[PDB]
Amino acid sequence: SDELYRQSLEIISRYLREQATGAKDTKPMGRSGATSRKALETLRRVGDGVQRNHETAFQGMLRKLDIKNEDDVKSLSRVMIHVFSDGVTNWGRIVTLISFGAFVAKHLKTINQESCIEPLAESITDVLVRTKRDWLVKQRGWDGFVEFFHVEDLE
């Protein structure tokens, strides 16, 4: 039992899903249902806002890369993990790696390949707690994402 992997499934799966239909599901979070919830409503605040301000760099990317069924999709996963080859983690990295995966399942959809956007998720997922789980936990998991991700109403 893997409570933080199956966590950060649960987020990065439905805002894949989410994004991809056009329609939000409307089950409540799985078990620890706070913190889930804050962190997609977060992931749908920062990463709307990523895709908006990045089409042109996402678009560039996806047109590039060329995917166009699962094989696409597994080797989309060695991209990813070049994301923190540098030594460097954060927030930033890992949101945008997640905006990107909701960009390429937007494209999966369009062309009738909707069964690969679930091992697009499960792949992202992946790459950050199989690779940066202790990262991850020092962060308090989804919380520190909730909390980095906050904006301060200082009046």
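Residue numbers count along the first chain shown, from 1. Between two forms, the rigid core is the largest collection of C-alphas that superpose within 1.5 Å. Compared with the form deposited in another entry:
- Just one of 94, 67, 29, 129 moves its Cα by 2 Å or more between the two forms on a rigid core overlay, and this residue is 29.
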Given for the second form:
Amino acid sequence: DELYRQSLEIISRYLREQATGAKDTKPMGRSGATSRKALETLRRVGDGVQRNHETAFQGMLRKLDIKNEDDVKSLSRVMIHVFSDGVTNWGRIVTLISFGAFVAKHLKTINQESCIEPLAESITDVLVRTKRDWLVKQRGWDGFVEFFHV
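Having seen the form deposited in one PDB entry, the form deposited in another entry:
Shown next is a single chain and nothing more.
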């Protein structure tokens, strides 16, 4: 699943950078240029989204009450329930990923770094399984890079 593979590379690298500050030096494989451009886009748009939505993000994080792996595993059902309905737009997708980065920072703060990769996998899974049709129409990560280009 090329779209899952590419989406996971971008989302897991962003969530790891945000939580730990470390940069992945490993090559990204197929559609690497677009993946690197999408990750660069997330660094700029994602930082500002977390600052802009800080109050609601703090509130949503507190209600989810994530403290371990078992709490992370139960997030997939929550994301599927909220993200499946309503109109999709790039704003909604970047804010889903930016909230994932906000939760990843919380996971590092509580010394649960081992939960960051399962969280990135769970976000990617919900994005691709619920929005593949819309992502095909919008040209996937090429569409994402173009939409937020400045």
